[PDB]
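For this depiction, one protein chain was excluded, whereas all remaining protein chains were kept in their positions.
Per-chain residue numbering starts at 1, and chain names A, B, C, D and E are given in the order in which the chains are listed.
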Amino acid sequence: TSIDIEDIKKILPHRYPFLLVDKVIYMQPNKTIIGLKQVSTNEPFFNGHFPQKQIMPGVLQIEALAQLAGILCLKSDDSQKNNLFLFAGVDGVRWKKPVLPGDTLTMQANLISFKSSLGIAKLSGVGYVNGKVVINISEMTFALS
Amino acid sequence: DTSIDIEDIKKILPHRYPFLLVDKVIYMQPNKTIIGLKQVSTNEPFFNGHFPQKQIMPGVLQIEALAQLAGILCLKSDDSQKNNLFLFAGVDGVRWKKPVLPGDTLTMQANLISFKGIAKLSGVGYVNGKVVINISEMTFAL
Amino acid sequence: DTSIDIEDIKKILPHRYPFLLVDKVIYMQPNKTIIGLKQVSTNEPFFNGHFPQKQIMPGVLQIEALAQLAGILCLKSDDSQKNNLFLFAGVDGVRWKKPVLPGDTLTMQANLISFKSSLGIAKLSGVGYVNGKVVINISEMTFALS
Amino acid sequence: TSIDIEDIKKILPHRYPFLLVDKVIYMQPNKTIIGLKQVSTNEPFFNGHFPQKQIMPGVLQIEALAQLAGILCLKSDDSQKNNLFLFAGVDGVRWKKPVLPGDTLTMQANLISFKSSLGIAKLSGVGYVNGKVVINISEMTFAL
Amino acid sequence: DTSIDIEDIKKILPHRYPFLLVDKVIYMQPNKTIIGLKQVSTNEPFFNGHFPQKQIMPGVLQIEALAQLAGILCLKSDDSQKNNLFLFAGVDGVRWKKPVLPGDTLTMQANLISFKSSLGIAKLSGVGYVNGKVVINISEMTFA
Partner (left out) sequence: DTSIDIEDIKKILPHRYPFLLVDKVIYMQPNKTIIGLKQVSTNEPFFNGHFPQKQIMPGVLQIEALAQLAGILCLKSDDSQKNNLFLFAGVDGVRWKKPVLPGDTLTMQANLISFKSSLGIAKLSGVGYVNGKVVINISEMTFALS
């Protein structure tokens, strides 16, 4: 069930300058989510990372997947009417290639386990630019309090 | 031919944040045509103001994006005049067809018509092969 | 000759920072004309980028300022369509004569040409001045309302 | 004389978002300076002061006069080739009227005493909107 | 635990980003005294402009910070007047001793002098410290 940005803002509480999901292109509740982040020079972090060379900070690639993963969780089960999800842990992150201004960051997050009893969700994540892997995440752990 | 990435764009244009609106130049033929792109993300400073309830890339910023791409072409076509500060002198026949939204890739093409430093150029911008903006004539001054 | 102060402009237009470019409306005649102003200060976020070595108000933002003023006139001339999100559909015959600089007061006048309850097609012309001298001309702004 | 924004930046080290003099319209070395700050909604402080009502922060009115004062000092005597001035004290500030988006803040600073390259300058300041007084400052004290 | 944290500060003050200059209120006594802090980081929007070559927290923003703290004390001391928009009406006897730099914790204390059941005028004094050392003094802040 594809998606436009206004509806993302209804699901996630993130705003500027920390909303890092531009569009959700495919979603299957309780299973997988595919979305994208457009990487433009006209973004506030770029001036600091770095003046002489513009490279999207790896941590913000984590944040982007984590937000996409967080959308999946909130659509998969919103019985807990709390959209404030906090990152509890992340594991096995590997950055292969620099993400640069001009790139389309295509992202996929996959739900591993949900314990709606605690609020404990675990997800994996991969990000691509031009079909080539730029970031891998073995395991994102989330906790809505 | 060979890509002009963002670090090299900054060496041609004087524009900086928050008013550099060309992310990448993908093709250029001096004195003829230029193709580039602007990635449209929600994480841009203008989107909060246009509009809170619905994020739509301002039409005037699409003009600015094409104009900067057109400005690159001029400066690489003839840099005998060593001045990179090129002002907009006139624009004509602009038509916006479709809203440009967060998540889109704005693909842009500018075409040089006449160079004398009065340069005239035409411009088109696409999202998904669909035309979003047309510009008959951009006029620029040295 | 009812001025309009920034707070009431915000009630009409949906634009916010950093893209609201009308500071005050000084005169308005529904279905006819509107005069307002935009104060041009160095303390505006666009100036760092346009340009580092020389601050000049982006021509396009002069277009946007007139367009927003024009869009006020439209929404006060006829608000039966309770939609304040107006989109720019076309612009024609823009000519920039003089650079607009930090310190200037941009005085703006927009004039309604045609309005159609068609699908919300409004056409307007615009002129911007600094110190009584013309800095921007616009023959025709075309507005559509989603 | 006049002094543009490009030339202002040559004198003052202040940059965005803390340069609060747009134009210097009259200046007499060692005596008086008149300049202006254009107050627009399109300034970064206005979102925070305040969401429900945009009012230019008084402290920034102080800054603006102080920056204008600082220009006068640096053009009055630049033997000390240091443009980094610091505010050492301010006294007798009174805000009469709110300064709002749309206003032109016209500012005048008057040099009282200058003590060489000890570096102590004292100046007074007034700001106006529409010929009406918005801010008074009895004494700004600078370290050179 | 007579304190107030960021979220509850925002319930009291109308100030938002980039002009909210109180991070935490650590002690408060209605109608008497208030102690709070402002964390000073390089990651604040004003530092780019003040100054590119040397980051120093603008003195006027040290005035603002204390005044905001002072403003909290007023609003918690007497909220019968259900208006949280306090304007600075005057300030007097401000003296900056030492530069406040990125990395510092600005600890602030404001003390209520007079509150008028006649006017709507409050007068307060302020001191700001970094590492127990005095950085800013304010004899008198006047609020309406």
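As a working rule, contacts are C-beta pairs under 8 Å (C-beta built on N, C-alpha and C of every residue); 3 or more make two chains touch, one makes a residue touch a chain.
S.K.: Tell me which residue among A:52, A:79 or A:117 touches the hidden chain in the full complex.
M.R.: A:52
S.K.: Please identify which residue in A:93, A:120 or A:126 touches the non-displayed chain.
M.R.: Counting the whole complex, the residue in contact with the absent chain is A:93.
S.K.: Out of E:77, E:105 or E:137, point to the residue that touches the absent chain in the complete complex.
M.R.: Among E:77, E:105 or E:137, only E:105 touches the chain that is not shown.
S.K.: Please identify, in ascending order, the residues of chain E that touch the omitted chain?
M.R.: So the residues of chain E touching the unseen chain are 5-7, 9, 17-24, 37-45, 47-48, 54-55, 101-105.
S.K.: Which residue numbers on chain A touch the omitted chain?
M.R.: 13-19, 44-45, 47-53, 55, 57-60, 62-63, 66, 84, 86-95, 98
The criterion applied here is as follows: only the chains that are shown with their structure count from here on.
S.K.: With chain D excluded from consideration and all other chains held fixed, what connected components does the contact network retain?
M.R.: A, B, C | E
S.K.: Using CA atom averages as chain centres, what separation in Å is found between chain B and chain D?
M.R.: Chain centroid spacing, chain B to chain D, equals 38 Å.
S.K.: In chain B, what residues contact two or more other chains?
M.R.: Expected reply: 17-20, 45, 48, 53-54.
S.K.: Sort the chain contact graph into one of these: line, ring, star, complete or other.
M.R.: Topology of the interface graph: linear, an open chain of contacts.
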